[PDB]
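All chains should be built: construct the whole structure from the sequences, respecting the hints.
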Amino acid sequence: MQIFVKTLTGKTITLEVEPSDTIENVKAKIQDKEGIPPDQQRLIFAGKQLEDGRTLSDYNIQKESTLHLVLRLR
Amino acid sequence: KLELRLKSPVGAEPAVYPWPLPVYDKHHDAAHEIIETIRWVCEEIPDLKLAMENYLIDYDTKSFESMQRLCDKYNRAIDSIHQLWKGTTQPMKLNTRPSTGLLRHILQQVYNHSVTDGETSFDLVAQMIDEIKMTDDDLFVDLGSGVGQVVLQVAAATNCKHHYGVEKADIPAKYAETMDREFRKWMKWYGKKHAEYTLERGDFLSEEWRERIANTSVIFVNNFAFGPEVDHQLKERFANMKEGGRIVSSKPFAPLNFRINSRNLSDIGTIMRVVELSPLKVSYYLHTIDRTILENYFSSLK
Amino acid sequence: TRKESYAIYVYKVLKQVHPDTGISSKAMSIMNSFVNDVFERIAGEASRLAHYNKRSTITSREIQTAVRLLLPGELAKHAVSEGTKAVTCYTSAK
Amino acid sequence: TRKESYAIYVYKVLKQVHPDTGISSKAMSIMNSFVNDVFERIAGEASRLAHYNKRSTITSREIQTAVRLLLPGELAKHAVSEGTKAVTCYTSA
Amino acid sequence: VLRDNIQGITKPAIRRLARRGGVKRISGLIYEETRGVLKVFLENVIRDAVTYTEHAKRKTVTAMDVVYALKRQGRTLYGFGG
Amino acid sequence: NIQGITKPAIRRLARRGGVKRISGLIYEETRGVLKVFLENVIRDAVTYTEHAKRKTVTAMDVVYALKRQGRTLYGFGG
Amino acid sequence: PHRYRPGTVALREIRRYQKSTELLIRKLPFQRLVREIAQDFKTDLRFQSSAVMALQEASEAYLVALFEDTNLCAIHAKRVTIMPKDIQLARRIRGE
Amino acid sequence: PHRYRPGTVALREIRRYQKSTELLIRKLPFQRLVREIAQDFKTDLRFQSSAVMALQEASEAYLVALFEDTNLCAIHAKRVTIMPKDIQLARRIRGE
Amino acid sequence: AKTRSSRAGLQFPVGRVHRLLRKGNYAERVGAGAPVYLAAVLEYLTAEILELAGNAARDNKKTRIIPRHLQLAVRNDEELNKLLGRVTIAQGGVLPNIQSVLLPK
Amino acid sequence: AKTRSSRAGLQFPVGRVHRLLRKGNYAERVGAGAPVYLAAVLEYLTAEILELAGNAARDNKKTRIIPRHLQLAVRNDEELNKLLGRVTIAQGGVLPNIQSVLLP
DNA sequence: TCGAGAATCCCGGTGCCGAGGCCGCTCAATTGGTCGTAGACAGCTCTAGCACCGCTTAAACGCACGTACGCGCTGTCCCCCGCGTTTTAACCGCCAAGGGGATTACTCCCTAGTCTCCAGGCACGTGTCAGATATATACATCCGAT
DNA sequence: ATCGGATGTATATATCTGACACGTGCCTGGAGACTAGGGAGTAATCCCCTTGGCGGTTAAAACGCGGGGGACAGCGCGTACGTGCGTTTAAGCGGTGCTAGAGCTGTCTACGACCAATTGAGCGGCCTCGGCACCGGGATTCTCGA
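Residue numbers (the authors' numbering), protein chains in the order written: chain L, 1 to 74; chain K, 4 to 58, 60 to 121, 137 to 300, 310 to 330; chain H, 32 to 125; chain D, 32 to 124; chain F, 21 to 102; chain B, 25 to 102; chain E, 38 to 133; chain A, 38 to 133; chain G, 14 to 118; chain C, 14 to 117.
Hints listed in this document are in silico derivations from the structure and should not be mistaken for laboratory results.
Be aware that one or more of the hints could be misleading.
[What the hints assert, rightly or not] Using 20 Å as the maximum straight-line C-alpha spacing, the simulated SDA-like pairs for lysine to any residue come out as follows:
1) F:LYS59 / E:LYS79
2) L:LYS11 / L:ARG72
3) B:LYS91 / G:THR101
4) E:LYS79 / H:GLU105
[Unchecked claim] One-sided and incomplete, this derived list gives chain F residues near chain H with beta-carbon spacing under 10 Å:
5) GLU52
6) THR80
7) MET84
8) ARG92
The beta carbon of each residue, even a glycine, is placed where N, CA and C say it ideally should be.
Laid out in C-alpha cells, this is it:
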C-alpha cells in the first residue's frame, strides 16, 4: 500500500509498503530514493517520536497517511 | 533631615531623593539624574514644558534652596496639570509605550540607582531592536543576562508574551532583583506600560532548561569568554530549536563561508545561515534555522 | 620494490569535500611531501618533549601540547577539537 | 641530587692555552651552554644522515661527513684534521 | 587587578636603547610603534612559555622552559643552562 | 659560462616581482648573488652525494641539502 | 652661558653606552608587564627571578637588532633620522 | 607612425608574467652553469634531470623574492627604480 | 578483523602511522592513544588545504587541480601562510600584485 | 686501568660523551670511533673560542674573562660569526660601530 | 573631448595522453595472549615567591628656546625603453655506446648486553686576592671671540 | 685657521670586600673480559638511464637610434626636536612573615614491547576515454594624439 511522507519544505515523497515491514527497511528505501542517511532522519507522527525497532503496523500507519520527517544532525 | 519630594503625575508614590546626593561615579551624581528626569518629563508633556518655560532658569546644583525652588515649581505644575485634567483638557494617555529617549532615561535611572559600588551598551541593544523585529509570537531569553538591561529594554519596547533573564553570579543577580523592583516602581511613577517579565536564578544547562530553550524562539548570548565546553553544550541545545527561530551572539557558531559537504555533516552550520550584523555608527552575528539547505544539498547529490 | 607513498588516502579524502574533481600527478606528489613535512615537524616537537621532562614515552597527552605549539591559533583550536573528538571515539570499541 | 656540567673540562683546557687567565661563574655556564648547543646540533645532523641512507649505526664516517656540512669552511677543515689525527691514538694502543 | 602597564617603558628608556643601536636623533612618532613591537614580541614568546609550562602540570614557570620556548622560534640564547 | 643568464632573462625574473624600470648596473650584482647562492647549495648537495659512496647527485639529495638552509622544497619527494 | 652644539651630546651618549654592558630598562615595570600578559593567557601564575632576567635579556637583544637595522634603513634615503616608515620597511624583510 | 608611452607595455607584461606559470631562464645554459660550478668540489660528476629542474625551481623563487624586497625598499626612498645599493640593503638586512 | 581506521572513524591510515613512529626513533615507547590523534590532525589539515584549492580551481573554470591553484590557495588565506612561511611550492608562481605607486598617474 | 681519554690524547671526557650519545634515541647503535671524534671536534672548537677570548681579555687589563670579552672575541672574527649568527650571548652588548655619515 | 589600431577575450571544433577503474597479487596490519618496568599516585621536607613597609635619590618629567633639518620646488641632462632589423643557438627529435644504480647471496666481525671492580667528578667548606669604589689630578676635545 | 676657557675623560693611588681556587670525603658511573648474534662490508649482475653527437626551424637574443620621463643638485621655509634647568615620583634597597608549591622516595598496577599465525588491505601493471591544449573568427578592451 501507498503512504506519503511530508517533509518541511512543501515536497511530498511516496512509497508502496506493507504494515509488516520494519521501520529500518522503510528508511533504506528512502535512502535509495533521496540519499538521506537513516541515522540523520527523524520521522514524527501525532506528537510521538517514532522508534526504529518496531514494525510499520505498530504505529497504526495506514494507506493514505501524512507523516512528518524532520532532519537532525549527528 | 532635609528631603526633596516630587509628586507622581498619576498619583502614585512620590519620587524621593535624599539630601546630600549620593555619588555615583567621577562624572555622575543624583542632581544629573534629577535634571534629566525633569527635562524628559517636560518632553513627555508639552503642557509641562510650557509651564516650565515661564519662571528655564540658572539651576545651581550646589544650593539646596535653588533645587527645592525648581522642585516646588515642578510640583505646583503637576498640581495644575491635575486641575487641567479636571477641566476640559484630555489627560495624558495612559499605558502607552515610552519613547526611545525615555527608555534610555528610565534604564539609566535604574542603573544609577542600582550599581552603588562587562555591560552591553544601550545603543547596541537599540540597533539590535531596529534590525531583529520582534512580534507577539516571539519569546526572548538572555542566557547569562548580566545586570539584565537588555531584557528590560526588549521588555519595554516589544509586545512578546513573556521575557526571562537568568543570571548565575550572586552579586549581579542580586542587583537585578533591585533593578526589577526599581523599574516597576518608576514605571508606576511614569504610568507607562511594558510587557510582563521575570528574572530567575538558575543554571540554564540543566535538563529542565532543555525544553525551555527548545521552545524559545529568540536567544541572545554573549558567549565571547565561555570557552569550548560551554559553547559545545550550547550548540547541542540550539540544535533542538523550532523552525524560524533566531539566535544573536557575539561569536559565530559557524564560519561565514560555510559550505555543506559529506565531511562537515555534524557542524551546526548545516542547519543555519549566518550573516554579520551591520556596525553601529564588538561584532554580533545572527543565525537562522533553515533546514531547506540540507534538503537542497541532498537533492543535488542525486 | 613496493615503494610506499601517501597517495590513495589523499585521493579518498578529496572526494569527501568535493563530489567530483581531479588532481594531477605533480600536485599529488606536492601533497605527498607536504604531509611528510607536517609529520616530521610534529614528531620532532613531540620527541623534544621527552628529554625536556625526563620521561621516555610519547603518549596521547603529548602530541596535543605539541600541536598547539606549532600551528597558529584558529587552526590550533580546530586541531585540538578534532583530535579529542577522534580519541574519545576510539576507546568505545566493542 | 647532582647535575652534570661541562665545567671542569673547559677549566682544564683553559690551562693549555693561557697559564694566567681566569674565568667567572656566569662565564663558565655560558661556555657550558655553548658546548651543549654544538653537541645537539651536530648529533642532529648525525641522526638525519641515517634515514637519508637507511643505515642504522652512527659511525665515524657518518659524523665526519657531518662536520664538513655544518661549520663554514676553514674551522671545519681544522676540525676534520684534528679528528683524523684523533682516531689514530685510539687505535694506537 | 592590573591595568595598562605598557606605559612603564619610558620615553628615555627607548631613547637609550636606540642609542645602543646607533641612531643620532629620534622623531616624535616612534614611541607608539616601539611599544607595539615590544608587545607583540612578548606576547608570542610568553604564550609559548606558558604552554611549555602547563604541559607538565608545574603551575610555575621556570627559566629553563623560557629558554626552550625561545629556542622554538629560532632565537636561541645561552647563559641560563639551556 | 655565467653569460648564459642574459639581460632579458634577468629582466623577466625582475618583472615577476614587480619592478617597472631597471638601470644599467643591476646585472653584475644579480649574477654575483646567483653565483654565491648556487655555490653554497651545490657544495652541500655534492657533500650529501660524496658521503654515501655514490658518484652521481640526485633530486632526493638536492632537496635534503636544501632543507638545512631554511628554504625547504616540496614537489620532488622528501 | 655655556652650551653645546646640538648633535654631539648624542654622540657622547653613543660612545658611552656602547662601552658599558648593563641592562637598560628599569626592572619593576618589566616584571609588571610580564605579570599582566601572563594574567591574560592564564589565571594566576608565579614567576621565578631567573626567567624574568632571561626574558629581559632576550627582549633587549631583539630591540637593539631591529633598531640598528632601521638605522641602516633610514640612511638609505638621504635622511639621518628614523621614522615609522623606516621601521616598517625594516619589518617586512625579516618575515613578519 | 605609432608608438607607446614608455613603461606601459612593461605594465602589461607585468600582468602577463604574473598570470602564467612557466619557467623563466632558458634551460640549457642553466644546466651549463650548474655543471661548471660543480667542478670545484669533486671532479667528474654526472647529473640526473630531475635534480637540475628542481635546482632551477628553487633558484627561480629565490631571485623572485629578492627582487620583490628590493623593489619595496627602493619605493621607500621616493625613487621608482632599483639601483645596486638597494639590492645591497635588502641583502644586508636579511642575514647573509 | 576490523581495521584501526574504521574503529576510529578516520580516513588516514592509523596503522601505517604507528609503524613509522616505532622505527623513527623518537622515543622508546609509543602509547596506544598516540597514533590516532596525530592522524586526525593530519586529516583535518589535508581537508582544509584541498577545500580552498578546489575553490581556486573552480574559479578558473577547470575541473582538474594543477599546482598553481594549490599555490594560490594557501597565500590568499592569512592563517596557512605562516605555516608555509619558509616553503616554496614548485611550479607555483606568485600572487597578482602591483605596487600602487607604480600605476600610471 | 687507563681512561679512554688518555688513549686518544684528549682532554674532554670520552666516557661521558659515549653515555650521552647512546641515551637520546639518535641511533640504534653507536660505533667505537664516534664518541672520540666528536669529543675531539668539541675540544678544538672550545679551545679556539676560549683562545680568542683570553687574547681579548688581556687588552682591558683584566685577568678574569667576563662575558663582554667573550662577546667581543666571537664577532670580530669572520668565520666564527656565521656559526653563532642566530645566537645572542647574554650580558654581551654589541660591537662599537658608528655609521660614518653620522659624524660631525 | 574622442576614433584607429594593437592587444585581449568569447566561441567552437579537433585531437590527444594522462587520469582512473579493474585485476592478480603478496606481506604488512590484526588477534590473542605473557610479562615486565615506566608511570600514576599519596605523603612528606623545605625554599623561594610573594606581600608589605620604612626609607634615600636617581631618575622620570614639564617647559623655555634656539637651530639643524625634512620637505617641497625648479631645473637640467642623461640614460633607458621601444622597436625594427639582423645573427645565434635553443631545442626537438633522432640515434647509439656503456657507467654505475639497484639489487641479491654470503659471511664476519663489530657491538649491545652483563658482571665485577674501583677510581675520577661532586658537594662542601676554607682562605685569599681581583676588581669595584673613591680621588686628585693630568689632558683631549669642543665652542667661541676674532 | 688661531689660542684659550671649560668640561668631560683617563692614569695611578688606598681599601675593602665577596667571588674564586683548592683540599677532602665520598660514592657511582666508567673500564675489562666475554659471549652471541645480526647489521654491515664485499662480489656479481643487469639493465635503466646518462652522456655524446647530428640536422632544422625558429624563437629568442643581440644591436643601433630616437626621444622622453625620471635621477639628482640646489634653495627656501617652518616645524619639530635636542639641551638644559628646576620640579616631582616612584624605583630601588634592606628586612621580615609565610606559605603554596617544588621536589624526592615508596608501591603497585594498568599499559605497552614481544611473538606465532592470519589474511585482506594496499600496490604494480594494463586499458580506456574525456578534460583540456590548440586554433582561427569575430566581439570587447585600452591608450593615445588631436
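Do the hints match the structure? See the list:
| no. | hint | result |
| --- | --- | --- |
| 1 | F:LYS59 / E:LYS79 | 17 Å, holds |
| 2 | L:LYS11 / L:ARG72 | 18 Å, holds |
| 3 | B:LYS91 / G:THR101 | 12 Å, holds |
| 4 | E:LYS79 / H:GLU105 | 18 Å, holds |
| 5 | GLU52 | 25 Å, violated |
| 6 | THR80 | 15 Å, violated |
| 7 | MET84 | 8 Å, holds |
| 8 | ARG92 | 7 Å, holds |
Consistency with the previously given hints fails for numbers 5 and 6, ordered from lowest to highest.
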